[PDB]
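Just the one chain here, the form solved without the named molecule, laid out as structure tokens.
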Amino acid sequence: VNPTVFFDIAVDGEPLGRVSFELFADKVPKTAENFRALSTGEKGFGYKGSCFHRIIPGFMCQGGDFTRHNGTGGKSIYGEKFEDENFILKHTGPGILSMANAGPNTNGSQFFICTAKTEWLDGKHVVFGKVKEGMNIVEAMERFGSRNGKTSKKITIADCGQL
């Protein structure tokens, strides 16, 4: 059975709500496992306390850079980077969870939650989960973004784990 993980989101330290995600371990097991373990922190590092550094309304919310907090950092549980596992799943609409990258085979810890259909990313970014509960909370987060992606308040993962 596919794992479910949660993020409790805060805005300038104030609780906003919870978003949960189904991870598609049945189709992208290596990529799902990376996100799962980073969400429980069981390897000794992970997403708890990290921020969403880039939020563009009508496109995506990007996070997962727990080492440099700005899009230049992060690392996977397999090392600094890992390969594109497959591209079976596509960017079909809001709620899709997909890996950020900087070229072929450069997955780390950064990810994005789509808030629109982003079909031009198909075959370039590995899709590995979807929002299960709390899409309304993603929509609320999105309002703190801007056209250039800077956030008007600090959006953090106050807690996270596996359900």
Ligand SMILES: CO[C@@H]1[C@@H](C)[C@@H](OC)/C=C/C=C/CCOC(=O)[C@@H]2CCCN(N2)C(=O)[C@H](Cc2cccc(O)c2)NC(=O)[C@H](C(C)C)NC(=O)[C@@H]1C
Given for the second form:
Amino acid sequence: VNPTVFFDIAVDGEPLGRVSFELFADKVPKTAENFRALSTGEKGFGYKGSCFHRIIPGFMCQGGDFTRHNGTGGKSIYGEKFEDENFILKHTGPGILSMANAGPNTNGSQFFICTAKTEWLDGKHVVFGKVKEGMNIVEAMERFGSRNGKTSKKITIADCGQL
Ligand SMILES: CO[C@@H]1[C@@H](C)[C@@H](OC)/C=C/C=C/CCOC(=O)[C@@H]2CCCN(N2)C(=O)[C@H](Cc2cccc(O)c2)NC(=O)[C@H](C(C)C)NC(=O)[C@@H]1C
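Form solved without the named molecule done; form deposited with the named molecule bound now:
What follows is the whole complex; the chain from before opens it.
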């Protein structure tokens, strides 16, 4: 009953693979719903076509800016920002899916995928899902990042939706 969404990742237009996520709707229903709906395009805007603007090998992959495409933008389905729903779930390891923000209660659409345990982010970012399949694709994505996060190739979500 927890929903599943997929990203089809491309590298400079070339298909790399699919990453799928379980969204923890049972534990963070509002945050899960935001990410779910942005993945299908059913609100008239969303993740499709946007890039991962910041990738830091060993740390995380961040994307979700489909409004400005420069890492400063994005929006939720609820208006511009919504609340940190809760901090029940932790950044326990690679594959953890978590909301980026700009301070308390500023969730929009930007998100990140952990490539390691990042317990120092616990209580600071709302965890709301986990890579289900395709962790090997996220690892492949890492190779195009850098210690400062800038990417050496355009890493995009060529398609996305609900499974
Ligand atoms: C360009 O972004 C601006 C600045 C954050 C940016 O300046 C170059 C600073 C980057 C610092 C990078 C060090 C690596 O850490 C990250 O990348 C983190 C990891 C968790 C998710 N995340 N980004 C975030 O949630 C970060 C803030 C952050 C940074 C470090 C740790 C942390 O817990 C949160 N927000 C953002 O990326 C938001 C957008 C969601 C609008 N951006 C803003 O508020 C600003 C406009």
